[PDB]
Amino acid sequence: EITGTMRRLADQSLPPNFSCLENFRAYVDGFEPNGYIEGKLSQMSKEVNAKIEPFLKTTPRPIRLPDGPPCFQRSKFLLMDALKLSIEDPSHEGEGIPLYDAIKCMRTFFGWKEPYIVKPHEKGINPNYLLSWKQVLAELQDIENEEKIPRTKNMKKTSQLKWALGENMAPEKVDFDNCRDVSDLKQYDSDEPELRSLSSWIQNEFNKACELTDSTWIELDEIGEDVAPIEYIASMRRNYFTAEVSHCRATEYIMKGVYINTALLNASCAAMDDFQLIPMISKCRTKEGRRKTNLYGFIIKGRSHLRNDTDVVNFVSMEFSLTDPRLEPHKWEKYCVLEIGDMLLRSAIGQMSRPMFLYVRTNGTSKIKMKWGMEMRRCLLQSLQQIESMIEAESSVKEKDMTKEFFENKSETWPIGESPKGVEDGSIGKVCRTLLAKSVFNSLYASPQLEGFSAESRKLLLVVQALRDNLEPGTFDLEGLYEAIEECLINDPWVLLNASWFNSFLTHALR
Amino acid sequence: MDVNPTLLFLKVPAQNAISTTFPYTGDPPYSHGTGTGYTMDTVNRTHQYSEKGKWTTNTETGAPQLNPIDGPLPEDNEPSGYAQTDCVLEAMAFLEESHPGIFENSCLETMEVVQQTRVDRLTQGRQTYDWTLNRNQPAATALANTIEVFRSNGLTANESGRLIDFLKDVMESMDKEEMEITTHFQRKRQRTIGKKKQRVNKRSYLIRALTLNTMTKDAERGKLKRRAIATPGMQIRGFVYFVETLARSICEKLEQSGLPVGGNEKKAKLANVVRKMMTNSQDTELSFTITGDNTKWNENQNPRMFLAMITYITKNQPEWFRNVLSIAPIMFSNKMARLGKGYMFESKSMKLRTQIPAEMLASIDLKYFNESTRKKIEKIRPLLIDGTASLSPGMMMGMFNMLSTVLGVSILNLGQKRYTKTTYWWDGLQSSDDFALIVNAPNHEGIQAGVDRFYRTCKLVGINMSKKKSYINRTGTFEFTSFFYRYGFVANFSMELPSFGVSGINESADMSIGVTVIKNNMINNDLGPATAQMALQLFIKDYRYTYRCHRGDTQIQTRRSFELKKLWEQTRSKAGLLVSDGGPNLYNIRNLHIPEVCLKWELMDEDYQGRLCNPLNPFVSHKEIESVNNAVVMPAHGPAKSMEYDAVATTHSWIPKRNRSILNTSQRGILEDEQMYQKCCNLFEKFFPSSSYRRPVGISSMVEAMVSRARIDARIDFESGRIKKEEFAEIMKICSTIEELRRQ
Amino acid sequence: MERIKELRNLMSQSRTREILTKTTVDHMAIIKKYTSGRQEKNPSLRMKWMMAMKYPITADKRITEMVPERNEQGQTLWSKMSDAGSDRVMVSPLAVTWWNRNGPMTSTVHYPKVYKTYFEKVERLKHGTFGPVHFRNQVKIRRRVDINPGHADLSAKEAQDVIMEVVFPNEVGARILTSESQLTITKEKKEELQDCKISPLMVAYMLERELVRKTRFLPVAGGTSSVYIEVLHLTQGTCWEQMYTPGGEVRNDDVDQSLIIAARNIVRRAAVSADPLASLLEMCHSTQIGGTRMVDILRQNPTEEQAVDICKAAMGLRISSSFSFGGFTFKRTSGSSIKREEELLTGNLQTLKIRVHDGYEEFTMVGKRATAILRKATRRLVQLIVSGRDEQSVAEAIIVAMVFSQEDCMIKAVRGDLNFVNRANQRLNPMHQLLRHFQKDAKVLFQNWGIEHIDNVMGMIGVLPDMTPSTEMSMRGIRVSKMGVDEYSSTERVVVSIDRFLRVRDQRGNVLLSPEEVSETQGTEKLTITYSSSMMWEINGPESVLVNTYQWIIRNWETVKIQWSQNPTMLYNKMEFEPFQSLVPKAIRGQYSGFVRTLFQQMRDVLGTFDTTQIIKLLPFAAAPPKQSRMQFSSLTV
RNA sequence: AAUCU
RNA sequence: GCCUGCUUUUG
RNA sequence: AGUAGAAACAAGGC
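Protein chains in written order, with the authors' numbering: chain A, 206 to 716; chain B, 1 to 189, 202 to 756; chain C, 1 to 638.
Hints are computed from structural coordinates only; laboratory data are not their basis. Backbone N, C-alpha and C define an ideal beta-carbon position, used for all residues, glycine too. It cannot be assumed that every hint is accurate.
[Stated by the list, open to error] Just the calculated beta-carbon pair ranges, DEER-fashion:
| no. | chain 1 | residue 1 | chain 2 | residue 2 | range |
| --- | --- | --- | --- | --- | --- |
| 1 | C | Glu171 | A | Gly235 | 40 to 46 Å |
| 2 | B | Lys288 | C | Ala152 | 30 to 36 Å |
| 3 | B | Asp175 | A | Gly235 | 27 to 33 Å |
| 4 | B | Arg215 | A | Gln392 | 29 to 35 Å |
| 5 | B | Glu697 | A | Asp396 | 57 to 63 Å |
| 6 | C | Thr21 | B | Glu697 | 53 to 59 Å |
| 7 | A | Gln392 | C | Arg17 | 50 to 56 Å |
| 8 | A | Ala448 | C | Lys61 | 53 to 59 Å |
| 9 | B | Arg151 | C | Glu171 | 38 to 44 Å |
| 10 | B | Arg215 | A | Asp396 | 38 to 44 Å |
Required output: the full structure, derived from the provided sequences and hints.
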């Protein structure tokens, strides 16, 4: 029984020409249709419409990109401009104390100088970065004279690293009844980000990520013994895949990031109050089968009391390089760049003596970003899956396996990039490396802009495909779709590059 | 040469490579602070698209409520919540006309369900907003606290154990002047933890019973900007359970729905429906497909239209049924909304920060805020009542999806060619906030006319179509809930990509889940065999690095690299060890469907085999059959589903530790209650072993049944068996003392 | 003895006493799920974060007297800190490996019997026989299939009480066990699991996985049985089949079902060929089912179905000219019959197409616990005599006969929700659905059938709606008799001849079977049928048939393009387009053929007209014998 | 030759 | 000095 | 400073 309060709420929960639930029930029970929808349509304005806008070849315009100062670099480690010192240590991926390997790989370099600054930061205090380098060197020295490498080096908490790691920068948390009459008390700044225009360096980074190399970067677990024929088929397929995939700079970045993010997460949970030195180490197997260890630089972790997934741990990155910072300074907005030495390469220029720089930075990361960079190997699947699909799509047609034909004979090709004189085609391995690098860059340059752009451009890609398939496509509001795509292009280099690629696709398609 | 992957789409079609367009190898977007702003935005939006209606003041809450039903007709293509009763009822009538007996039969099924079901059904589900605490708690905790306050006040019908009696109780609780509740605290100087009574006048109880909690949704794939979502309470839960039961029963009988079916059932139904349409269509007839989304779907849809629908579907049924299904749309027409955490303020000169709760936005000077937020608060301040905003004219995200699908199919059923009275016609497929329409006509003019009539017939009900996100092509290709149909459905594989790592349950469970997703993706998706071998290798690397279980013939120093070497050297047969104990991987495509213990059972040493698989281990915990080998996993583009994994109970089947933050909060005393209840229940399972397999039934106190069974088992085990006379006398003495403690 | 002391210790306290006394047993169910929170919203990250710290695992507190606080190297294995809402204590993952290298031992001989399903998979992969790999164009179709086939006797409501009696024999209550299979399973599992201490809960979970049935929608090619679905990731791909044959023993339902489907497909092709019998023999030799060849099953297995009978007779065997319906075994004894492909409505207004038969005909129904004799006409029952044992046996026979009669008195007696499609818009069979509807109770079919008078001949008994014999007036056509033993053992197989075109004939000369009596239905085998002649798709299904036909003509385009111009009659009468023609309806084959041949001929006549798509599209329709016509087509049905 | 979530 | 590192996340 | 991006972190609570 509905009675009392719940009757009243019932009477106030109906259309407006009713005052009682029971009269409404009676109206419903006596409802027979006598053409109401027709009348209400006849009354409604004819401006309410769904007019079909055709989609032709001359219809789609380019996506407009933002205007502003050029885009800078925002990764957690250097991609193309990085240098590695090596000693040829015969130990596998996770084996060996890393500080010892680091000291050993630093001993093998001769050419150190007194450090001085080449390119300052313009919003920081560069002597602190310099002094932090010097402190790193002092600590590497006093490690050797300790009689046992400890696997975990804490640093002294001094002014330089307190500044560079953001200590006592947060404001204090108080009660509102004790901060009412304050002048500048206001809301947190919540505004549209600063716009930033595309630059040329992101495409060169991507071109180098798609390249072959003279070393191996991934050693895979063993699996069982193959008992069925399809297991042997899969094994030869896998041999080809692994060959193409172990020789690629993208895999080098995978292993780098996995190492660093693993190390940072573990040190962050283990040592929350202490500062900690963490070398960047990698392991390769060069062309002659020799194992090599490789040092890319150093990281100093700060305090890591992370009560929340988005809370930030700050760190100071130091990386070696040979690349002059005076030729693309807009790329290095967030960096101080020192000069630390000289290096003699395999020289036809007498002996070379090319200088040697240290790129220094403050950066930061979160638990979820670490977690997702701790598992970048999934990228290897994505690429490879697509590749096998293509192979299988032909093996069904020609009733035979086609991995050998594709990988050896280079019969079939697919378009991969734009050169002067136009579209250029590549082999299945080039496609594999290109998609692998795409996934790696999605993981490294991940943003909400990429999510948005991917969805909103999926739609346009599909209507273009419907035009190429000759299916008479149409729209209702296309400028709304464009305004929705352009709403996400703000400041991320990777997203603007994808948009540039989409414009090139529309130019080469739609013909 | 400069590289462009998108040019690959110049040779391979977009659906056969759509996996490239899904950036699901990177971190997803997250929210960081309050969600008050998005709440305000949704409130003011749904009051904007329904503004030409009429305002009223409820006599019970005092709240200003906006009624747009049977309001004016739209004049432009902007969203509108001006629904018309006559057209909704005409839609339902023609639906029953085309599929007779649907409402009768569905009502009979739901009547059986209403009569049989129990209160325990509310324990299983998602979290629930507890008015007793003014925050979210699990479902069973909220149920228990609600029942406690009811019994403390006088409502005791739920002792019957049925749900409908609990609903009679929550209804009878609204006609009470002063409800009473109890609140937790704790004080330390000595940690004192206690309780205190307080009172709740009738209007306060009503606003608390009618309100919903709001929060921002993290880990959303596919959006630049964050969304707000709602969570309903305990009192609106049984009613909506019955309503969605009815809606399920109806939608099951409709060839257009997609909501009650999942996985391959969904795709099968979609494909069968498309084939049926293309067979019923003619050869001289032109055919087109709209791939469509609806804009502002959850703000336009009004509960009053749902009440109309309910009263038409319960036509010629018993009044108790008509009256127990009419309460959900009522209570969602007088609903409210908590705004949330609030905001935080910053001073640079003095170097300080502050927090501002949402329950002072009516009593705070607007100098602090910026323009957008100032406008928001300026618009919303009329609707504030005790820290919660009135929200009549629309739903919230994630509720009544079934009945909304029923309305969508009602509109799709108006294209049968006996209801259009013309030569064009239409049909399609509907899920909540997504649809595929198929329109047939002998020319393009009829196509445009059918599209126009669909748009207008849907605007007469409050269904607005997103022109910005919809497109029309010929039949053969379309998109539906991230399923890309191209003359047949197509595999994507990037939706399933975050399911290829360590799941984070335990060693055995993570292992089994890891191999099981590989073989599933081999079946359902198009993961090849070589790529599956690689997936094995990579999964085993992640497994070993996470759980610190390396081969044992390695030199990788971890915190348990010493125990594993000792185990390695003791062991003779090393192919019989588990990857979690420092052993090899014998998995391949041939044998992905077998657990890790049966795979290697003849290779084990007997001592290891008996240590590992031992029931006396202190690490294992099995509680109830519905939680034995079943784990919650969190996909991309979906809710947290439950996965079944085949495994053997070993010493690796451990549970991990708890959050432990609640120690520092006023609500610390929930731990002690939990602990005591668990003591009592454990002892009950000692006496009654079946209590974890089959639900007990009884009215006696637990101690009574316990001591009774003790006496019975004592007698039967002394008569012919183990128990001697001394034990008999002693335990009977203990039973006697238990009686002297309980009865006095 | 020790648990009653714990009860005393609880009752001594004040809060716990208040919980024990003022808490009913139906409320225990709610408070046992009471907690502060047990939900991780990202468990992966929590594991990564927690396994980086010390003591992330929990265990019972008695570990303190089973494992030491630290090992010889000095690493601590457990802590003194307790979990939040528990008595459990925090420990490390080192206590686990310590237990596994130095912990107590047990006997693990019971374990392969509790976890029987898993070790059965093991033994069934061990004794399996692999075969070659074939690359081809594969079409998968989505279907409901069994993961666990369960015990066929228990119905999934008896199984739970069986589980209760085995594991929890004193907490079962009033339920006695009735069927003999229940007692058999109970004593078997009860003497096996006598004094085990694994856990009752896990034993029950595994017995459920043994006994109850479990289904799933998946995309399937090849075999549908459960032994073939656990290995579908290995046998079937997107481009490749892997021959495989599991090692255990196979149920015979699967075998006879798969033989029936194989024989149906074989006969369907063979009928449209030039010499059906030769083709039929070659197909039966070159095919095998579940590894075992087809001739072996055909010689060993007695199965009642028309296509199997044609196959057997072609092998020169004795046939049982018979079939099955509703569990009863029908043998015609008079009259001819033809199907009609008609449409009608129900009492619940659902529309349906069925195949109604022609002619007056008599039949000899047989069963397990009944027997009957039936006479009927087109859509109309003529007479029915019955010889059942119990009254409900006669009820079963009568409802089966009524459904078999196809009378409108039965069609217009359907009331309720009877959906003639699946939950995925899949067309079930109408007859089976009606027969399932009238098996709850056929009260309306009895109260709506009719009444007649009787001659009181033989002293035969009258019919019963609800056990009420009526010895002078009764239902029309329906009588009853009584027998203590079998009337006649009609399992007596006869010898036959066969024409080229598969017309079976008895010793006299009359006709008994024909390729028109085989079903027009398209099923999906339970065991994987393997065909090795040259092309492995000619009995696989219509979708595969279409894809592989068009793919073949694509690959051989270089010589078809020139054979199409010179000597084209030798291209239409080709052995590759015969599986296709089985899908074209028999009425519109020659019309399509004449249409298409005239198309191609006048496409050759005028110069400057050539479209390879048209030729590749319309050739499988020109295979058939040509019937001339005057009309035109906008499409072509398959 | 099938109708069980 | 003590305590904490998801106590509120639609379908 | 830096992370980030419509609101937060740059440790928090008593």
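Hint check:
For the pair C:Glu171 and A:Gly235, the beta carbons lie near 56 Å from each other, so the given range of 40 to 46 Å is not met. For the hinted restraint 30 to 36 Å between B:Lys288 and C:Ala152, the CB-CB distance of approximately 35 Å keeps it satisfied. The beta-carbon spacing between B:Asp175 and A:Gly235, approximately 32 Å, falls within the hinted interval of 27 to 33 Å. Separated by about 33 Å at the C-beta atoms, B:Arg215 and A:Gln392 satisfy the suggested range of 29 to 35 Å.
Hint check: B:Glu697 to A:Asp396, Cβ distance near 58 Å, so the stated range 57 to 63 Å holds. Distance hint check: the CB atoms of C:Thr21 and B:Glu697 are about 19 Å apart, inconsistent with the given range 53 to 59 Å. Checked against the given bound of 50 to 56 Å, the beta carbons of A:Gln392 and C:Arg17, roughly 54 Å apart, stay inside it. At roughly 54 Å, the beta-carbon separation of A:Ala448 and C:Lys61 lies within the given 53 to 59 Å, and the hint holds.
Against the hinted window of 38 to 44 Å, the Cβ-Cβ separation of B:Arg151 and C:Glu171 comes to about 29 Å, which falls outside the hint. At roughly 41 Å, the beta carbons of B:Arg215 and A:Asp396 sit within the given window of 38 to 44 Å.
When each numbered hint is compared with the structure, violations occur for hints 1, 6, 9.
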